[PDB]
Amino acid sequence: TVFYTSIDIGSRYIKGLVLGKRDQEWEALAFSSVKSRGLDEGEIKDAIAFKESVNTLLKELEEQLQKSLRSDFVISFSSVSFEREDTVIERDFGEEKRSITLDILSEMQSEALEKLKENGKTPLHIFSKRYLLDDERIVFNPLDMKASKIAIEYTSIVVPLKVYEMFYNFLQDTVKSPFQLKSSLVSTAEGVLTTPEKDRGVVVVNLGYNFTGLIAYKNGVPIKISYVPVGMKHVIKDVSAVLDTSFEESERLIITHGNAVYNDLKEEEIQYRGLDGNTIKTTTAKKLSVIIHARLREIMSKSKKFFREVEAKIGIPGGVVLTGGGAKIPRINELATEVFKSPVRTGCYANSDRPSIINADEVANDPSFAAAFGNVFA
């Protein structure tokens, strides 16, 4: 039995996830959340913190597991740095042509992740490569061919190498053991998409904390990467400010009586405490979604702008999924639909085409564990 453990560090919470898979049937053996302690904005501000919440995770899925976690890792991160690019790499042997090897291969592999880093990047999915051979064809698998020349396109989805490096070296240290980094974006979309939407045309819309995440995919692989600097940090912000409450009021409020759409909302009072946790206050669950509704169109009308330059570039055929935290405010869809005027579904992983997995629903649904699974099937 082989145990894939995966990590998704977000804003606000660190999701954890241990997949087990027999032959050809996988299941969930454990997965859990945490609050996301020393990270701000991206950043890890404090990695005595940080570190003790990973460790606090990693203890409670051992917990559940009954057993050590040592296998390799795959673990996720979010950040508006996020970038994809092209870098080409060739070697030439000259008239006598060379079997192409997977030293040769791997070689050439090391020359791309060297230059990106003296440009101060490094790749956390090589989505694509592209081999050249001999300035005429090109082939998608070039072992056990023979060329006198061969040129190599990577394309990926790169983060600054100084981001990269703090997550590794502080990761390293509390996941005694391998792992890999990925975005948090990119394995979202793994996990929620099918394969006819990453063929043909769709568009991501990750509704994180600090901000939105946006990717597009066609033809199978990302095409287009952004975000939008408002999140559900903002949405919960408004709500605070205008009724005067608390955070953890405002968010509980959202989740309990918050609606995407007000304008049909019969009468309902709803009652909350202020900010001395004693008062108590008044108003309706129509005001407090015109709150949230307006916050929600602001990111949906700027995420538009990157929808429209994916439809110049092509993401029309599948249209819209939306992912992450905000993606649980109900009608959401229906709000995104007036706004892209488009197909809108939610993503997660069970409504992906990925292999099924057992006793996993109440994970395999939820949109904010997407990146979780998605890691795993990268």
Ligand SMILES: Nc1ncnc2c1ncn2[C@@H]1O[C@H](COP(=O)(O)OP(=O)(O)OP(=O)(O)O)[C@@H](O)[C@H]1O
Second form
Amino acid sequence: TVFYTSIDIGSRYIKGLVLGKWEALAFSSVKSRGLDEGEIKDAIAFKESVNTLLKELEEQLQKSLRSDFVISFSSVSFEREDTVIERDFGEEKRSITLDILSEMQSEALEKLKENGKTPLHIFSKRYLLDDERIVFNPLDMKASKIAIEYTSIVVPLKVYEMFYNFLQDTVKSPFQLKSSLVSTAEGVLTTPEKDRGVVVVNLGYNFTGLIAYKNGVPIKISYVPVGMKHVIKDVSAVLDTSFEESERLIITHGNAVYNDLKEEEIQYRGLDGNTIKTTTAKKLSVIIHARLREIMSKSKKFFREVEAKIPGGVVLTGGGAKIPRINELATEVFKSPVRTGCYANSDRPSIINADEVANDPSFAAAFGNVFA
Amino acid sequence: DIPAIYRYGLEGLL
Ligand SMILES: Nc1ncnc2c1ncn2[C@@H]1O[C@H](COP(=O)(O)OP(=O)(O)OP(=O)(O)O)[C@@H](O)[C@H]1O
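Could the form solved in complex with the ligand be given as well, to go with the form deposited without the ligand?
What follows is the entire complex, opening with the chain shown before.
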């Protein structure tokens, strides 16, 4: 029996998941505090938020957290970096062993720790034997020379150290850090999607994350500096209300498509928290639609830069992917197939007791942290 | 920042 605690640190919500080997033993989402635009700006609040999630997970389990932690976070600074490692055995041929591959990968990882960056994910991209033979798997093959191309997802050391130091002071356990955007993709994509080509659009809070896979590995990673925070801001601005009332309206009555909406008055509070004001579901959706249209139009540039290096279409993830009919809007903007990403619609076996979270695009990274 | 609704000229629906 083996247990995993997976935490996904977002700017608006911190998601937690305990899995046992498959079943879900515990899961929760708590308000994220102290993170402002991917930077920890209040370590005291941040630690409180994390502790609140840990306490809720323990409360559900009725047992102290004894597992390996895998913890993911979002940053605009993740980027793709490649390197090649070679072995030259001389005038004799040698078997390519696990020890040799382990050694070469360890060496790649050490090589990617440079220019102020550090790798969080590494993938073997190409294998070349004896300077001419391309193979899919080098193991047990004999060769005089081997060259392996690796592609990785790296992050600035300063960003890494920020999260690592605070977490090791709060999570009382060994842990590994990952990219939430990479884990999201790993949590939702099918193998054929990752092979033939597919783009994940993660509709997160501060920004919209963008990652493309082809041939089983990430080929491009970027972002648009517009996210659900700006959708909430627009509503607060237009309806003249608080951030939290705006968020309530969007979650409760929002739609990505407004043209066919029935007349429907909806009430909300002013900044004073008492004055009752009224708008319509249609007007609310127009405000949302416009900002969502902006997000997708801007993401199209990425889509086109990838469209040079898309069978699998677009997979939307993150909190924004839950806005009713957003897939319709996306299909119209991207001019390609679009689907909602969640663990359940990946190509993997159902998980006991995961009904509520396996179908939630918000928990994609939490699952992906584990099933990588 | 100007809300997208204005920048997309959909404010007539408000
Ligand atoms: N059921 C829902 N319907 C519509 N919108 C939602 C829903 N749930 C969340 N959202 C929106 O998504 C946002 C949070 O989504 P998400 O979980 O991706 O944020 P996060 O993971 O904290 O962000 P990030 O990954 O960028 O750090 C909220 O601000 C809210 O506006």
